[PDB]
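**Q** For reference, the chains in residue letters:
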Amino acid sequence: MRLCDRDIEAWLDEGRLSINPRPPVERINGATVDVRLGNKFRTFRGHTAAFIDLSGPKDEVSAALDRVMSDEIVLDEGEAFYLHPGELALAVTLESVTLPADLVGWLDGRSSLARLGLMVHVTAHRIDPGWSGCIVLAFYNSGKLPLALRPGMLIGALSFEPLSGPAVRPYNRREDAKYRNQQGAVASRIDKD
Amino acid sequence: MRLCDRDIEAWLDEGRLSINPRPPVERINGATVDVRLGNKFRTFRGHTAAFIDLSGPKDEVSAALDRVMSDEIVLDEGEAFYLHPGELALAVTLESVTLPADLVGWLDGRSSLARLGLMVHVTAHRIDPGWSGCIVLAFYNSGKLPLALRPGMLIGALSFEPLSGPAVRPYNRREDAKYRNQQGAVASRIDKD
Amino acid sequence: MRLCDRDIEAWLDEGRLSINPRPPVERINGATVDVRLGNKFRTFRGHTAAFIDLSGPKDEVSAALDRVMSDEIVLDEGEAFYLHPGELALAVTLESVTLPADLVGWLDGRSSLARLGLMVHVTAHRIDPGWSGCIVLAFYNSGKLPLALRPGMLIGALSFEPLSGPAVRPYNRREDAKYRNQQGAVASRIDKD
Ligand SMILES: Nc1ccn([C@H]2C[C@H](O)[C@@H](COP(=O)(O)OP(=O)(O)OP(=O)(O)O)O2)c(=O)n1
Ligand SMILES: Nc1ccn([C@H]2C[C@H](O)[C@@H](COP(=O)(O)OP(=O)(O)OP(=O)(O)O)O2)c(=O)n1
Ligand SMILES: Nc1ccn([C@H]2C[C@H](O)[C@@H](COP(=O)(O)OP(=O)(O)OP(=O)(O)O)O2)c(=O)n1
Ligand SMILES: [Mg+2]
Ligand SMILES: [Mg+2]
Ligand SMILES: [Mg+2]
Numbered sequence: 066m067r068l069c070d071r072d073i074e075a076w077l078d079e080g081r082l083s084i085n086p087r088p089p090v091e092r093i094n095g096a097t098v099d100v101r102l103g104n105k106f107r108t109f110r111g112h113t114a115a116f117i118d119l120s121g122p123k124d125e126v127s128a129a130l131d132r133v134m135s136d137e138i139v140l141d142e143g144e145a146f147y148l149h150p151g152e153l154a155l156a157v158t159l160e161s162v163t164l165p166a167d168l169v170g171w172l173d174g175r176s177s178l179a180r181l182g183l184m185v186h187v188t189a190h191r192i193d194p195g196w197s198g199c200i201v202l203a204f205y206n207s208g209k210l211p212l213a214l215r216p217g218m219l220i221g222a223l224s225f226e227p228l229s230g231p232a233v234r235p236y237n238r239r240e241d242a243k244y245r246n247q248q249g250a251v252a253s254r255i256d257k258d
Numbered sequence: 066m067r068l069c070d071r072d073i074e075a076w077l078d079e080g081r082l083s084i085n086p087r088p089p090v091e092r093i094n095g096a097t098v099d100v101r102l103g104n105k106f107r108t109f110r111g112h113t114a115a116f117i118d119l120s121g122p123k124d125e126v127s128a129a130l131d132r133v134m135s136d137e138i139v140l141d142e143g144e145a146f147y148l149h150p151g152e153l154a155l156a157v158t159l160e161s162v163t164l165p166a167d168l169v170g171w172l173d174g175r176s177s178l179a180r181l182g183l184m185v186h187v188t189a190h191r192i193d194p195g196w197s198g199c200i201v202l203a204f205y206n207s208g209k210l211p212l213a214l215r216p217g218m219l220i221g222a223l224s225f226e227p228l229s230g231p232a233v234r235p236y237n238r239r240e241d242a243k244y245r246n247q248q249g250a251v252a253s254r255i256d257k258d
Numbered sequence: 066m067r068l069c070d071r072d073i074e075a076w077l078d079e080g081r082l083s084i085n086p087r088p089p090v091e092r093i094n095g096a097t098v099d100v101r102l103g104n105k106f107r108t109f110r111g112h113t114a115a116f117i118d119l120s121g122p123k124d125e126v127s128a129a130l131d132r133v134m135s136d137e138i139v140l141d142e143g144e145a146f147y148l149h150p151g152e153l154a155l156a157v158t159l160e161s162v163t164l165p166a167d168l169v170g171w172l173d174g175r176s177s178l179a180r181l182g183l184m185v186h187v188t189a190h191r192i193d194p195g196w197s198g199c200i201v202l203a204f205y206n207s208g209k210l211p212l213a214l215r216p217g218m219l220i221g222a223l224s225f226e227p228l229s230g231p232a233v234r235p236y237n238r239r240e241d242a243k244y245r246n247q248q249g250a251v252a253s254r255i256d257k258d
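Residue numbers (my numbering), protein chains in the order written: chain C, 66 to 258; chain V, 66 to 258; chain S, 66 to 258.
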């Protein structure tokens, strides 16, 4: 079961969840809240490493991640990020989202973007109970044209699903959770497994 | 919850939910209804533009979309569409689906297709409450072999999820909704943002 | 509605849902159970066929699938599977999952893996009511770096959703279901449509 729009307006009013800044009524409809693109990005520098050993020694993996991740890219007023075909890039939502322990969220892209090949997640679209922060986007252009991405554009949508009860280990309280406090286009922390 | 098969049917029998043509009992099972491939398609003509400015002047964006989108391709009797690796294409379901205001739908592909790299959407698989029309598919072949797609084949599945209450702004009543009355392989309408 | 962590443990304790071997308490949190990577894999040999006719004559599609699928790869001690960008591969979960008729499951990847371009499904991530078996993974590396995959690593997550009632035609009792008794990195069986 997903919250319908009116109830998404209720839970937000009651402080039962937060979306900050709160999108206006034109962006909350059906069973979703549209979210917008942030202004921070990250690309990959493949020429500095041969591969990433996903569950290899913690040192080697971290040293490798730091080599291949560009610094954070902050776009000027007016400026675009050009996502070319076959290029993976990290980005972030403009909105911070905060979920309570008895709610899980789900990130969709958009059908208009799908029809041009833009994926807004790479089979990871769950926003956990107790989550609090801006959502990091993993963009991939699977289409035939480069796509200019500009801060503020509508980039996806969130839907919300009550859990069967409150989670006993929500994200804000789990010791080995990787992405609390995340505020920009944060790189993989697979090294922390 | 999602509706189980008997409850999917019950909803079809009451007429709230509607699928046209209605698939037989052999294609409604577990918590899904199988859907089939239509006969309309669209490809991209990248050579006529440099890029698409997703958030750029409305006039630029439409003019560019019209140049890159092919003529609808209509396949007659057992003609195939050849989806080659790395090629994004648009297609449609054979079935029209109509949802009421208190229900949201979700499009899956198929495991058998996944194992050959066929994606049936590009992180956009929500069918909204109030939606009424054929579903546009954004195909991408991520595998190593070209795949021949024929009309009538089983291409995906739908599951259905009651909302917490009836949506106040369902898709059929919302004024800036892009894809009401969708009956073929309709191209992106990101220009109408 | 998804089961929260305490409710997942309760259903495991009841036994009609089951995950063998059962992951410890550290791996069940929020609304998910983490799953791990198994030791069996498959690649494609494209050089033996021109294409696969998804709904062409049964005997010629079974012949083509047998020619393009490698036999099963079983990795030796401390050995890795190297997933190069743009290469599709099949794998399997370490865990066997068994769901009852009144429950559907959903496979996520991981945000840490998404941020390096690793997809763990190809728009097919529904685990059906009545399902029983190891889950076959369709991996694709959409990133810039090859990724070394080692058995035992955390590869994804499962969430669980009660159905409106028990399915009348769950997966275990359905005569044209393709993937019961599924043990390794089983190849597409699209030829059985
Ligand atoms: N594979 C898909 C997914 C969705 N849709 C349809 C069903 C939805 O109810 C509708 C809108 O989905 P989105 O909100 O993701 O699309 P947009 O945001 O691009 O359009 P809109 O401005 O109308 O919200 O399009 C479709 O035809 N094919
Ligand atoms: N990543 C995944 C997703 C699903 N499955 C399994 C779980 C499902 O219960 C089953 C069927 O999934 P689909 O209906 O998507 O696959 P098909 O339609 O190709 O098979 P079938 O004809 O049996 O419905 O396969 C899997 O092993 N790995
Ligand atoms: N597109 C997404 C999807 C998820 N997340 C956030 C929301 C989740 O609550 C969190 C964790 O998601 P995963 O469990 O899939 O990520 P990991 O397993 O890699 O991290 P962890 O070790 O914290 O479980 O990351 C995000 O920023 N962007
Ligand atoms: Mg929308
Ligand atoms: Mg199926
Ligand atoms: Mg996780």
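Please note that a few of the clues may not be correct.
Identical copies go unnamed one by one, so any copy, or any two together, can satisfy a pair.
[What the hints assert, rightly or not] The calculated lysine-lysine pairs, modelled on BS3-like cross-linking and capped at a C-alpha distance of 27 Å, are: (1) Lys243 x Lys123; (2) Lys209 x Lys257; (3) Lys257 x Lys243; (4) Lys123 x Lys257; (5) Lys123 x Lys209.
What the hints contain is simulated information worked out from the structure, not anything from laboratory work.
**Q** Work down the list of hints and note, for each, if the structure agrees.
**A** Status of the hints after comparison with the structure:
In this assembly of identical chains, the alpha carbons of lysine 243 and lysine 123 lie at most 27 Å apart only when taken from the same copy (14 Å versus 40 Å across copies). In the homo-oligomer, the alpha carbons of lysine 209 and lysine 257 lie at most 27 Å apart only across protomers (21 Å), although the nearest pairing inside one protomer, at 36 Å, exceeds that limit. In this assembly of identical chains, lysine 257 and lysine 243 lie within 27 Å of each other by CA distance solely inside one copy; the values are 7 Å within and 38 Å between copies. In this assembly of identical chains, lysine 123 and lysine 257 lie within 27 Å of each other by CA distance solely inside one copy; the values are 7 Å within and 45 Å between copies.
In the homo-oligomer, the alpha carbons of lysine 123 and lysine 209 lie at most 27 Å apart only across protomers (21 Å), although the nearest pairing inside one protomer, at 38 Å, exceeds that limit.
In summary, the structure agrees with every hint in the numbered list given earlier.
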